[PDB]
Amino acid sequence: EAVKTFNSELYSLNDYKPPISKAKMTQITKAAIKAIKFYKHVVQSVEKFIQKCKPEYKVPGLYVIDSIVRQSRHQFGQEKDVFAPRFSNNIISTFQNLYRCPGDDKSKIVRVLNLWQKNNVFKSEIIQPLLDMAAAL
């Protein structure tokens, strides 16, 4: 139900040509956060979206992760945020999927990683392999 509403908004990305509207991203993020009880379902849905989506939607999918983790850290506290730790479990595979984006979108991913590193959204042991994966392409 809370997960149904989130899935609905997430998959609605398919109706749009990137870049995605701020208002749409906000709606997806707010739905994720309202559904914090079901954070595992939320993370699983985002990961599935990114695995299966067309190449033009990989960066939008990453922005969904970025938007959820930023809002959750702001709203619940960096130490208490449940989203970044849960996304970390499969993150190497998530990014393997993300890097199968158009070559003109690769820089957008590295930008996100650079900001995550600066703000310590993940520790170096997670961020560095993700940075290494960009360089290896």
The other form holds:
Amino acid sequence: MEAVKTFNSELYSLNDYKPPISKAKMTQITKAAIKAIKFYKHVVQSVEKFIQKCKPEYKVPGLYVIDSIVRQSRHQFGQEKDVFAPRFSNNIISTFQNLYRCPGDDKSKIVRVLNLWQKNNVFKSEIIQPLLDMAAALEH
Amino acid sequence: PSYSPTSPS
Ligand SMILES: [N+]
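Condition change, the form solved without the partner chain to the form solved in complex with the partner chain:
And the full complex, kicking off with our chain again.
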């Protein structure tokens, strides 16, 4: 799958940069995801695999990838037609378990994204609440 | 400029 390989290249290329990741790079990754929309399941799988396996400093960049793809898809295809948020929702507990293996000072960045997803109805509130609870439990 | 989740699409 050409489009999936192109996306994989953009995503893995995060490893060639020191975080914080630039807007330009995030845009590149996002554009590749959207071009690969026929294979959205493979795109989600690749992002989840990156988050599972990447160095701790890339956890938050990985989350930003999810954020950017989902928000761009909702914009470009419509909030109700977006295939990405529903697909990312499937393994989201797993994803966040992996995300919270970030450095201590990056935990607040994860919660910031969760709060924005809730405020902006990016994901269903039922999905988000356990992810926030996981953040808080880590502080106790 | 670096990516922010508060920035528009
Ligand atoms: N979509």
